[PDB]
Amino acid sequence: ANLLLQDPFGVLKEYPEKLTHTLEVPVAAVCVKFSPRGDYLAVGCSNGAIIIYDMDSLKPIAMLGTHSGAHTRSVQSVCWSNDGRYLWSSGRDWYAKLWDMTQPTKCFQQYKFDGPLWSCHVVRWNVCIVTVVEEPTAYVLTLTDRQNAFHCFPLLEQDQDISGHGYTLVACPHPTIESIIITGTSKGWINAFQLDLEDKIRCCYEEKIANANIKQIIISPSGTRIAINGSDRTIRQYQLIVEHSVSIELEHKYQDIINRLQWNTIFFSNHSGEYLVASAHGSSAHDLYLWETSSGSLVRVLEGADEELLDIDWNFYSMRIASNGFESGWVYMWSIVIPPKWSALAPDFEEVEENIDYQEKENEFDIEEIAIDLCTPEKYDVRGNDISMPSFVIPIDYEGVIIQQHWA
Amino acid sequence: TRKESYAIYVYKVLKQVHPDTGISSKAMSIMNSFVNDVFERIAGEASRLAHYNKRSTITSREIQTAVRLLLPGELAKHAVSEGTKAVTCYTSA
Amino acid sequence: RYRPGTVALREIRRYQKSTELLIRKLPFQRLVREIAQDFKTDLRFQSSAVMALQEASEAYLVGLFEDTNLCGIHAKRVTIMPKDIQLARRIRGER
Amino acid sequence: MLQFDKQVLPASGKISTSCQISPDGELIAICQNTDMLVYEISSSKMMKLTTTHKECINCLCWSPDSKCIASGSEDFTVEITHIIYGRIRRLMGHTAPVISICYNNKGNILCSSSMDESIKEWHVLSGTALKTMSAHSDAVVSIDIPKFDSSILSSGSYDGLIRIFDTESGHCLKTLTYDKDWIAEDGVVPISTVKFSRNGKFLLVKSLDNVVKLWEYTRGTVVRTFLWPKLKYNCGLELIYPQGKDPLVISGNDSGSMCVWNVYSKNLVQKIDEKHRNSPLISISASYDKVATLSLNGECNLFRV
Amino acid sequence: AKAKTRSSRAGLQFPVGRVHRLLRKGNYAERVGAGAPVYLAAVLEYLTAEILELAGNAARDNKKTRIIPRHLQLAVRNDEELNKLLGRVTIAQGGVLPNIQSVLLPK
Amino acid sequence: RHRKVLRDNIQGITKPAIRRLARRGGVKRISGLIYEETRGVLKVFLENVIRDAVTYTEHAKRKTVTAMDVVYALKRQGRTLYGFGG
Amino acid sequence: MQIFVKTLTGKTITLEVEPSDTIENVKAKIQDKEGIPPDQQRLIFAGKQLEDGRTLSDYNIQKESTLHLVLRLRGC
Numbered sequence: 002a003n004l005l006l007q008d009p010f011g012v013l014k015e016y017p018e019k020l021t022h023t024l025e026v027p028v029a030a031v032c033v034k035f036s037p038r039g040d041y042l043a044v045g046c047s048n049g050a051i052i053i054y055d056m057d058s059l060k061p062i063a064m065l066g067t068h069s070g071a072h073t074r075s076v077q078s079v080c081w082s083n084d085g086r087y088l089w090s091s092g093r094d095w096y097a098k099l100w101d102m103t104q105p106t107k108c109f110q111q112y113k114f115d116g117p118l119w120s121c122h123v124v125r126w127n128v129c130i131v132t133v134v135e136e137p138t139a140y141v142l143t144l145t146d147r148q149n150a151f152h153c154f155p156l157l158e159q160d161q162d163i164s165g166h167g168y169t170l171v172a173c174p175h176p177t178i179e180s181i182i183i184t185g186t187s188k189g190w191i192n193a194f195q196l197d198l203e204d205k206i207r208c209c210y211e212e213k214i215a216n217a218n219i220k221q222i223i224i225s226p227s228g229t230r231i232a233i234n235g236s237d238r239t240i241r242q243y244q245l246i247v248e258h259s260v261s262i263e264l265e266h267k268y269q270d271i272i273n274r275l276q277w278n279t280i281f282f283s284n285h286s287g288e289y290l291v292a293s294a295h296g297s298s299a300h301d302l303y304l305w306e307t308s309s310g311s312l313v314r315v316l317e318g319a320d321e322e323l324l325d326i327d328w329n330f331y332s333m334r335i336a337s338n339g340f341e342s343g344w345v346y347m348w349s350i351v352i353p354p355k356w357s358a359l360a361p362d363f364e365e366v367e368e369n370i371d372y373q374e375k376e377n378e379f380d381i395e396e397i398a399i400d401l402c403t404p405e406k407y408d409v410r411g412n413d414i415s416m417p418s419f420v421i422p423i424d425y426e427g428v429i430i431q432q433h434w435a
Numbered sequence: 033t034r035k036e037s038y039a040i041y042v043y044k045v046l047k048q049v050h051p052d053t054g055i056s057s058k059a060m061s062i063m064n065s066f067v068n069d070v071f072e073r074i075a076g077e078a079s080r081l082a083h084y085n086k087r088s089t090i091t092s093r094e095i096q097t098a099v100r101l102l103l104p105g106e107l108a109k110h111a112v113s114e115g116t117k118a119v120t121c122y123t124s125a
Numbered sequence: 041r042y043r044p045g046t047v048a049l050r051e052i053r054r055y056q057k058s059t060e061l062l063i064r065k066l067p068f069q070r071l072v073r074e075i076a077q078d079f080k081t082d083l084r085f086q087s088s089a090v091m092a093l094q095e096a097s098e099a100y101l102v103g104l105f106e107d108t109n110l111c112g113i114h115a116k117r118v119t120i121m122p123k124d125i126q127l128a129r130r131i132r133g134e135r
Numbered sequence: 016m017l018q019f020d021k022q023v024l025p026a027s028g029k030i031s032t033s034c035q036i037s038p039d040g041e042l043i044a045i046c047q048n049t050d051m052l053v054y055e056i057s058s059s060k061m062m063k064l065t066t067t068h069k070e071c072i073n074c075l076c077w078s079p080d081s082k083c084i085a086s087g088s089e090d091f092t093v094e095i096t097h098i099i100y101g102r103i104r105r106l107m108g109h110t111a112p113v114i115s116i117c118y119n120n121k122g123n124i125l126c127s128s129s130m131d132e133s134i135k136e137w138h139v140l141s142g143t144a145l146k147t148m149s150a151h152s153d154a155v156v157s158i159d160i161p162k163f164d165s166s167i168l169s170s171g172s173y174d175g176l177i178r179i180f181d182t183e184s185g186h187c188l189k190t191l192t193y194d195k196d197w198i199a200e201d202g203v204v205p206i207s208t209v210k211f212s213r214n215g216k217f218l219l220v221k222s223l224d225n226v227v228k229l230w231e232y233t234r235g236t237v238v239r240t241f242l243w244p251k252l253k254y255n256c257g258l259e260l261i262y263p264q265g266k267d268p269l270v271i272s273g274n275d276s277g278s279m280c281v282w283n284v285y286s287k288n289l290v291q292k293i294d295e296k297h298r299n300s301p302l303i304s305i306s307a308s309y310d311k312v313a314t315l316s317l318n319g320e321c322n323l324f325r326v
Numbered sequence: 013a014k015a016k017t018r019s020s021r022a023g024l025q026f027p028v029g030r031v032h033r034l035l036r037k038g039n040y041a042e043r044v045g046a047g048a049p050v051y052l053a054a055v056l057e058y059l060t061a062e063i064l065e066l067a068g069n070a071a072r073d074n075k076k077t078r079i080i081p082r083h084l085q086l087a088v089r090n091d092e093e094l095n096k097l098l099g100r101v102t103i104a105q106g107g108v109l110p111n112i113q114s115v116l117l118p119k
Numbered sequence: 018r019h020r021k022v023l024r025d026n027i028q029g030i031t032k033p034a035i036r037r038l039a040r041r042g043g044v045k046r047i048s049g050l051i052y053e054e055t056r057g058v059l060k061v062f063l064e065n066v067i068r069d070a071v072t073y074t075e076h077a078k079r080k081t082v083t084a085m086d087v088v089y090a091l092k093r094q095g096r097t098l099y100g101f102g103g
Numbered sequence: 001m002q003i004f005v006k007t008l009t010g011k012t013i014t015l016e017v018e019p020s021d022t023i024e025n026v027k028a029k030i031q032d033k034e035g036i037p038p039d040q041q042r043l044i045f046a047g048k049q050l051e052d053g054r055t056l057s058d059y060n061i062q063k064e065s066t067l068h069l070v071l072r073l074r075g076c
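Top line first, the protein sequences correspond to chains A, B, C, D, E, F and G.
Numbering-wise, the first sequence is residues 2 to 198, 203 to 248, 258 to 381, 395 to 435 according to full-length UniProt numbering.
Residue 33 is where the second sequence starts when you use full-length UniProt numbering, and the numbers rise one by one after that.
Residue 41 is where the third sequence starts when you use full-length UniProt numbering, and the numbers rise one by one after that.
Numbering-wise, the fourth sequence is residues 16 to 244, 251 to 326 according to full-length UniProt numbering.
Residue 13 is where the fifth sequence starts when you use full-length UniProt numbering, and the numbers rise one by one after that.
Residue 18 is where the sixth sequence starts when you use full-length UniProt numbering, and the numbers rise one by one after that.
Residue 1 is where the seventh sequence starts when you use full-length UniProt numbering, and the numbers rise one by one after that.
Calculated from the structure, these hints are not laboratory results.
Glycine included, C-beta positions come from ideal geometry on N, C-alpha and C.
It is possible that part of the hints are untrue.
[As the list claims (entries may be wrong)] Mimicking SDA-like on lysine to any residue, the simulated pairs with C-alpha atoms at most 20 Å apart in a straight line are:
#1 C/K123 with F/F62
#2 F/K32 with C/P122
#3 C/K80 with A/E341
#4 G/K48 with A/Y331
#5 F/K60 with C/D78
#6 D/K162 with D/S308
#7 A/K60 with D/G122
#8 B/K109 with A/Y331
#9 G/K63 with D/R234
#10 E/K16 with E/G47
#11 D/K29 with D/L52
#12 A/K220 with A/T138
#13 A/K113 with A/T138
[What the hints assert, rightly or not] Derived CB-CB ranges, DEER-like:
#14 D/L289 with G/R42: 42 to 50 Å
#15 F/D25 with C/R132: 23 to 31 Å
#16 C/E51 with E/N111: 48 to 56 Å
#17 E/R89 with G/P38: 44 to 52 Å
#18 D/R234 with A/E15: 56 to 64 Å
#19 D/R234 with A/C209: 47 to 55 Å
#20 D/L289 with A/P354: 38 to 46 Å
#21 G/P38 with A/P354: 27 to 35 Å
#22 A/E15 with D/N48: 49 to 57 Å
#23 A/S309 with B/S57: 38 to 46 Å
#24 A/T103 with F/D25: 45 to 53 Å
#25 D/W243 with G/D39: 17 to 25 Å
#26 A/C209 with D/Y285: 51 to 59 Å
Please work from the sequences and hints to get the whole structure.
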């Protein structure tokens, strides 16, 4: 990532504001999920496809589900491994297909569940937490050393009933602790179960925030702020403190005051969650919102699309916002759009915007052995990212490219 | 006597877009009387609209359906956006 | 075989004397739902609120054709053309 | 520090244009007119291959996983062919000849030059045209991508320019020297070959006056120069990678004399002259430890630290 | 922005004291929402900002500093969607948009 | 259940229908280029009335475009319509 | 020694600092010259965002360099 090192400066602004791309995907799509690096964009589809695009030319590199383990029903969620090599994908076919891009169209392993699925969230590339329909516990799917037995440990202490606290529907693993996973019931309580990765699970937090059907829980990537999306028209960002012993408090609430509408999806910025981005629900909701998570106010509104938007992904490496269409199925994409500069034409050019008063010097009327290294890749970019941990590039299907010229 | 008008409040916006220009009084009486038209045109339509639905309050939701009716095309979308952005800042602070 | 142009005057008087609706119902009620697709998705149309749109579109086109035919006549001919319709709309303010 | 290991190819025959070792460091493709000599370095095995091309193929690009070879020639053909499974794709887009091309570090967008002052871009799987990059005033000779990330595209050309481009949106991004205009001097020595480094933070250039410089483009100025103790060849350049601390630059003279410069100094330590002494050199490449050479007659020469 | 003078709290220039008065002594409806005059002052300021911007632009393009009604007609009628909002209205002392139909030019 | 985006029902405003509509408007000879111009005119009229018809319903939080909302859309553009009430 | 803290839209300042000064010490000097609070300031050098606790020597800031300042105006 060396464009931005000399792009030049003036690209750090922490959101994109112009929509630049539009994946004209005919088969409508629910969930979108970028690669961990800015390379690819997985597109969870309605008719059972999971299209995988290469983000550089807006056209796919494969559509997995040909050889083994096609999601027959609609797919609700897709996450990736920590590197970007595997892919867990939970659909409504009661399966949770873990893919391997090395053998692209062939699923690695799956598992039959108790019903359709809401989501999946990958903690280590094997273990994955999957939300079974209307079950008061989440069955963590740990892909063991043997590929046939995934111990679906109940994510619940043995006797703490949550009847009246609700039913587990979401679970987002904590980034900077990785052993606590916060899970959301359906009547406002939020259970916090710490995996030992034995199976003991301490209930580090059980508390009702409001008597609402929790739709979605997200964590900042520094684990500092946690926001909840109730079934009341409110977003509740908290302040998360854990060493274990965990504790939250109400920082701010977010609501549609005028239109008084529901929130579909919510997402946090890269570093510490200085920005929240939410998608409203009703008619005439044509635009994602932004929020200064400290001041609490609606900073900006990303007026791109034409009709409601469902899923939000924010890959900060590309600084992009993928946002699927609720109606058309098309996948709008915002992007920090740099303009060119003619100061790149010559090594002594300069682009000023004021008629500058050059002051006269005198002579307008008068007529290398330094430290050179080629071995270390750069450790950071202008966003402070974890570059130089080499991402899993896609293996282009070189078993089937040779026919791929002829008839797909 | 004191006969109120929007003389200053138009001037304070002239100093925000074009901070070097001024305005002739005959073209201030126009702006004084342009806003008094758009006021009585928006609050008019936003009071047939709170009465067809048998409400008895002009909320801020009538004023944005009234603006999405009167103001055409791209003045609708912008004046909604600068509408909601200025009521959110009111409630929060 | 009549003279060309006299079945017309036998057809003008016939329609002007009656009050039924001249566009077919179902090819219109489908057009309204096609156009209502843009502004909201999957609307229902309380089925007297399409009759309220034939009777206000038919009575608009007919008042436009009365204003078109006055312009064609004014250009010293008896055949309306699209350079008349665009004039009648430009004079009323519509375009 | 560096010496000769083996010479395995005989010299003469057809026109020898390009030599490229694949990044796995075991499979070498010797580019002659429309035939590809493949040379496995293990037991010094041989392998012959032939393409669907007609004219002198001036370019060669290896796959980053050593599973494809593409090439473009002056007849506007841009062919993509498998190493064992033959011809798979073809692009056909340029309005002037092509001299060199390069793969992405992902292997998905091969960059591609024309000679009519325009670089064009192709996604291989979609086989269509992405972004045009027409910011130059000559036949653009060498367009190189760094080995590690695939962020940027450096364009050196026959008008004497060192211009860095974008690969995402395709604007020119930095210039390191002047043109026909904007100095008017005879200091518009054309550039023959621009090569990035292993990490990709420093650039290497070879101008037509046989003077090699190493640019620190992030700052805008130069930190190394290399001279020999006017050219009319588009001779190859590389920077060898010994496991010692000092990795040496290598270029070929007008004749078949190849000296190797200590890059941590500004001088040489060593020169290779015992081979290629008849024929003049057009290209070189390397690998972790297995560097080849070439000239108009294709004598490949392994060397080692 | 501030805490006094309710327009300050929304960060506007148009008053919300005057508007909220004029929405109750104008008999538009019975009870005026407390959010309502704010949103109404936001729309009014935006239009007064947009019409004073295109007026001022056409005042420097005719070399004059201040704005006379001839500039306000040129700001409205040359625009595509401010002319449509102000379609039926007539700006006093405000000229015409210069146009001549094509067949009137010689040839 | 089923999912159709409509295409080209403006060809339902038929060439004989624009003729009958013209007859009540009292015209004798209709040039053949009218029939793609009236369709242009009607499709513009229907948009502005439906966009105000919808905006009224969408305010009242409904999914049926009732007959009074159509009438208020017409009453706003100075076409008042008298057989549907209020 | 002298620096430029040349801001994003195009104009420059002239400060007097030491290389041993903290970035917050430099962020104090901008606030003395602009009133802009130091918490809303990001100082950018060779593309790298500099931290409040670090010094100018740490980032190889030399005489007459151009630093980049990108304010975040609050709200609304």
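Cross-check of the supplied hints:
The hinted pair formed by C/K123 and F/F62 meets the criterion: a straight-line CA distance of about 19 Å does not exceed 20 Å. With a C-alpha separation of about 15 Å, the suggested pair F/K32 and C/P122 falls inside the 20 Å cut-off, and the hint holds. This hinted pair checks out: C/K80 and A/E341 have alpha carbons roughly 10 Å apart, not beyond 20 Å. With a C-alpha separation of about 15 Å, the suggested pair G/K48 and A/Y331 falls inside the 20 Å cut-off, and the hint holds.
In summary, the hint linking F/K60 to C/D78 is supported, as the alpha carbons are separated by about 13 Å, within the 20 Å threshold. Annotation: proposed proximity of D/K162 to D/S308 holds, straight-line Cα distance about 12 Å (limit 20 Å). Proposed proximity of A/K60 and D/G122 is supported: the alpha carbons are some 15 Å apart, at most 20 Å. Among the hinted pairs, B/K109 with A/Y331 is inconsistent with the structure: their alpha-carbon atoms are about 31 Å apart, more than 20 Å.
Distance hint between G/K63 and D/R234 is fulfilled; the C-alpha atoms sit about 15 Å from each other, no more than 20 Å. For a cut-off of 20 Å, the pair hint linking E/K16 to E/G47 stands: about 16 Å separates their Cα positions. Proposed proximity of D/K29 and D/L52 is supported: the alpha carbons are some 12 Å apart, at most 20 Å. Annotation: proposed proximity of A/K220 to A/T138 holds, straight-line Cα distance about 16 Å (limit 20 Å).
Proximity of A/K113 to A/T138 is assessed by CA-CA distance (about 17 Å); at most 20 Å being required, the pair is judged to hold. The beta-carbon spacing between D/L289 and G/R42, approximately 46 Å, falls within the hinted interval of 42 to 50 Å. Taken as a hint, the range 23 to 31 Å holds for the pair F/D25 and C/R132, whose Cβ atoms sit roughly 29 Å apart. Range check, C/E51 to E/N111: about 42 Å between beta-carbon atoms, so the 48 to 56 Å window is missed.
For E/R89 and G/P38, the Cβ-Cβ distance of about 50 Å falls inside the hinted range of 44 to 52 Å, so the restraint holds. Distance hint check: the CB atoms of D/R234 and A/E15 are about 27 Å apart, inconsistent with the given range 56 to 64 Å. For the hinted restraint 47 to 55 Å between D/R234 and A/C209, the CB-CB distance of approximately 51 Å keeps it satisfied. Taking the beta carbon of each, D/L289 and A/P354 are about 41 Å apart, inside 38 to 46 Å as hinted.
Restraint check, G/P38 to A/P354: a C-beta distance of roughly 33 Å satisfies the suggested window 27 to 35 Å. The given range of 49 to 57 Å is respected by A/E15 and D/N48, whose C-beta atoms sit roughly 55 Å from each other. A C-beta distance of roughly 41 Å is found between A/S309 and B/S57, which places it inside the suggested range of 38 to 46 Å. For A/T103 paired with F/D25, a C-beta distance near 48 Å keeps the hint of 45 to 53 Å intact.
Between D/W243 and G/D39 the Cβ separation comes to about 58 Å, which falls outside the hinted range of 17 to 25 Å. For A/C209 and D/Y285, the Cβ-Cβ distance of about 56 Å falls inside the hinted range of 51 to 59 Å, so the restraint holds.
Checked against the numbered hints above, the structure violates hints 8, 16, 18 and 25; every other hint is satisfied.
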